[PDB]
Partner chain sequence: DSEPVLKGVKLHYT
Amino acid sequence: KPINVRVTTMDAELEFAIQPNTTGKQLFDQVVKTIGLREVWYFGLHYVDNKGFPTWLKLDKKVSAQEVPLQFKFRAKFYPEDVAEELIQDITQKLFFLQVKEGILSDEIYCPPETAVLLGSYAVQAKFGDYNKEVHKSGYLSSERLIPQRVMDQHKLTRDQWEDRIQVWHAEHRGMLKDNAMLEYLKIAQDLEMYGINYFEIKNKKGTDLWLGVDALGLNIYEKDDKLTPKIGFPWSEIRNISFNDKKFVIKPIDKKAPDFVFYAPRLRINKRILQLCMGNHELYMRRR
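Three-dimensional structure of the chain by itself (the form solved in complex with its partner chain):
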């Protein structure tokens, strides 16, 4: 019985026929070969196909175990610590650039206003080349989404207002090739507080709603309203152990005097997804060292 699956990358869509004994790895490997991606360890096959949960597919398990064409999103799952130092291929860099830009523009990654303008200008340099008073004049940037909706909502400028501010930065990017404009975009984005972080809805022992963030450097607890500023930070080197059992997850600090952090997930599968990102990020962190 053939199963229809769609995989989308940030600038491609692929439709596949797979059998019930096709592995996640066979799907992943044919995606990466089609697009010519070598730096595979950053990436994964995403799917909101739990009974409602955002998840990452397992490569050494048959696709035919967890399911909501079957829809998959080929996306970066782990983020480098330093984008300029670590991303080797232009394709890898482009795929991060597009994924990160979508997170910013969709309001998912908070962005200050002047940063949004500057980022938008690099995106403009990447999509349009050098600004030319001849080629790009009045309204060259209408029809273009360049600033997050929450930035515009909180501010008092019109669309032409915004294009104008972006246009004055575009011109300073004369001589910048596209690939380099995409990296400069990432150099700025990777300084944003929400960049590169996987957020999970958790509760402490008192029943307060919190966020857990897992990122390349460790674990963070946020109050429900402040996803930018970690309330509690757990860098890998400050963790004695991490554990879960069903819905209960515990972080034990290296400081024998300091107390455990205990929180609760809504289901077992959430805690499993948290720990796999924990393991994946810790291992990449150790591999860099």
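Here, rigid core means the biggest group of C-alpha atoms that superpose within 1.5 Å across both forms. Numbering follows the first chain given and starts at 1. Compared with the form deposited without its partner chain:
- A 2 Å or larger CA shift between these two forms, after fitting on the rigid core, occurs at just one of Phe249, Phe234, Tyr47, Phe43, namely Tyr47.
- Superposed on the core, the two forms differ at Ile18: its CA moves 2 Å or more between these two forms.
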Second form
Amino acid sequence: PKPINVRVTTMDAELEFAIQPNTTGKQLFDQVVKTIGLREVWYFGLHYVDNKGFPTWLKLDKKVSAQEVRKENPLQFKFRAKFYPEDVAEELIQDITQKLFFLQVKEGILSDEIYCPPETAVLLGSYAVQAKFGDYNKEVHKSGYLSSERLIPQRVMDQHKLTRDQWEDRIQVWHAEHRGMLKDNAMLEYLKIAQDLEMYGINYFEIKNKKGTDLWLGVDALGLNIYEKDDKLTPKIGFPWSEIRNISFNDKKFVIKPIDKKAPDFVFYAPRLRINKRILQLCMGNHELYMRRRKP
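For the form deposited without its partner chain instead of the form solved in complex with its partner chain, what are the coordinates?
Below: the lone chain, stripped of partners and molecules.
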């Protein structure tokens, strides 16, 4: 049948090819992973923009054409990590898997998506520099080699009065320390530090409790968390996966069910139904990757 053009990009690559009207996300997903040689497939997914202009994760069991991928030529997809390990240093096996997490995480940090203290920003940047430029040359890297490199998130530059050259220096000092550090190690250290940030690996959604006050819901690898609208850094309430029996909503009425009893039980509400759908798949996937790392 009439081939359908599609482009799939990873954090550092563009792949374009043709599929058929009956091709499944799984079938598209597979070609993508086998092409780049990544087998730790449980962290990833393919997401797109629908005809309405809205973010959407591709279902792997249904026909690609069976979902509303914005009509255009070709269709556009982003291969990204949908789930994070509880500990990158111990779990991530492949280099590719590592590289891909290093890049997506660094992108969220550089975009001000993930809050980051000024000091942790220069150290993270120092590692990104290592991974890229190398060991550090005083001949090749004459003041100004980091001139073109966007190294500190803007929201951080916004709160600390420093010259673009000022930072570049702060970074250089730390760069120099990592003597002959392997590029593949530099990336893991960056992730070892990013991992400790309070907003790392969390998906936030706006909600309201029965009492109707605005709050943030966070879904992550360790479980769920409830936050006050004005503070995404410190969870007001924490419900680890271990402590959560069943999570489910009816109609905007989500409810968390515990294991041990005492919990009066949490009940929140979310607006658009588009959201409440993703929320549930995130819990499901996280809850299940949680259990695997712990068999029996």
